[PDB]
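Here you get one chain, nothing else, as structure tokens; it is the form deposited in one PDB entry.
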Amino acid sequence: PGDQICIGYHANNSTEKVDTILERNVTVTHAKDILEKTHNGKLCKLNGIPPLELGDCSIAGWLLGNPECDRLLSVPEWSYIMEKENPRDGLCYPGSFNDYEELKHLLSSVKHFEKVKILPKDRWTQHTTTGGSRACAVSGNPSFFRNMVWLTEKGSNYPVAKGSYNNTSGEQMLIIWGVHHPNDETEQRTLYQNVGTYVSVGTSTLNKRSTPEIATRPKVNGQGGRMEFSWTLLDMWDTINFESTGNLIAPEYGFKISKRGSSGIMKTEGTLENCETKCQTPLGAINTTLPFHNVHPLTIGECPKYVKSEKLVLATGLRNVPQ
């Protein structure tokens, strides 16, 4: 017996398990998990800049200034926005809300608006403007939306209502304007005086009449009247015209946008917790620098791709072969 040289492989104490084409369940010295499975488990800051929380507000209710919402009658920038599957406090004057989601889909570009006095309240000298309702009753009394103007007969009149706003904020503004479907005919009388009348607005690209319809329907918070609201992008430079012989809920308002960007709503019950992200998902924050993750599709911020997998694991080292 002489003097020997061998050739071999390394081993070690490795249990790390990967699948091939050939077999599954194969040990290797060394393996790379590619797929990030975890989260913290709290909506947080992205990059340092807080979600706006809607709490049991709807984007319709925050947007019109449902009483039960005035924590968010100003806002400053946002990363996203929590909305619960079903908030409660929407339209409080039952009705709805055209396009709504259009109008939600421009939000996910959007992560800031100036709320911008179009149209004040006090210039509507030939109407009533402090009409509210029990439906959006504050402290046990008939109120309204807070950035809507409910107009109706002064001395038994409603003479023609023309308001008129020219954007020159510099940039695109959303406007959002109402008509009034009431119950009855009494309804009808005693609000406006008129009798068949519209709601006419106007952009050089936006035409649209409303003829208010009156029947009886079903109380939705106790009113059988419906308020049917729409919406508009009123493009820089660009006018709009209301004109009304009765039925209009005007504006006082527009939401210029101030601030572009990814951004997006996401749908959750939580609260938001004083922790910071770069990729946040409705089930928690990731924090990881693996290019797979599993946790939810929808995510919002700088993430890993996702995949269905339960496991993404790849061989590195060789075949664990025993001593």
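Residue numbers count along the first chain shown, from 1. Throughout, rigid core stands for the largest set of C-alpha atoms superposing within 1.5 Å between the two forms. Compared with the form deposited in another entry:
- Aligning the rigid core between the two forms and inspecting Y253, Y93, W177, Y80, the C-alpha positions shift by 2 Å or more at one residue, which is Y80.
- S58 shows a C-alpha shift below 2 Å between the two forms [criterion: core-superposed Cα displacement of 2 Å].
- With a cut-off of 2 Å and the rigid core superposed, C44 has a Cα displacement that reaches or exceeds the cut-off between the two forms.
- With the core held fixed, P67 shows a CA shift below 2 Å between the two forms.
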Second form
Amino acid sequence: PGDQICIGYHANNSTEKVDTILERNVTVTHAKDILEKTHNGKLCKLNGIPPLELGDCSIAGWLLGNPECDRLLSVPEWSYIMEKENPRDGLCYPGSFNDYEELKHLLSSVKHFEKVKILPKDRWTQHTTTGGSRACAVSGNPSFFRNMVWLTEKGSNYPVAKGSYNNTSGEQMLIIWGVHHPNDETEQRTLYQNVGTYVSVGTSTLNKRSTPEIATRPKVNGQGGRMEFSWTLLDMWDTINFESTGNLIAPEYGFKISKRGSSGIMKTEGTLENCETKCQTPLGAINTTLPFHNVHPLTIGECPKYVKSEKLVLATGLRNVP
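Next, give the form deposited in another entry, keeping in mind that what was shown is the form deposited in one PDB entry.
What follows is just the one chain, with no partners and no other molecules.
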């Protein structure tokens, strides 16, 4: 005989393994994994308010108003921007864009937004307001950026293009312009008459002047000319004075616009689905709480610390022995 009592621990049918400083492949009764690695393969709205989807266009092409971009969905509010890697429809008339990157950033997120008419196309009595090109083809028929006015010569005479705007639209306004860079001396003469033209723009804080630099160029889009574009934010109540002797590509519209904090652009091919998310990735949205993840680096929102790591397994239970 002899009554006994014994002290011992739990054990079970557990395969779960963890590593430690001293030992590896260690079996434990149970464990917690703190490494998020599953998305949901869906591009979703962010913190409630949807993104912006240019689809197959760029921020340049979108803003200017490339004809191929009139069918987009006007979103007064958003929290990020969806744009393919190399959009097809951007600057239909070939050229460049100044501080473009800086601009993209500004727009990544906007508490409010709304295109506005500022300088009506037909107010330009002194000059023509219906010039266009073949590289902005609207079904076999030449045209131009739906928000820009290619002011040209009228009666072998190019007066002094003077145009203003008081910004009373209740909030800051993105405004854009450009300058045509013709292929030869003769072309400059054909379109604007005067040689040695210039394009001046002015607000209370901005004074910029552009001057056509004439060089010979490959016919990108069957066009040899190029249109260098430039922009600014005109404060509430401040005014903007255009004044050019030629090559001035005017605005017809501005963009009221309010900010709540920067965001980012995500280069995706996919489209938007009806869902929610606090953190977003190219592969799909994340819903987690773990400290870390390893889905995709390019992330947008409140996300766990991305790590070059395979598994993060915390041993909660105890060493599991037969």
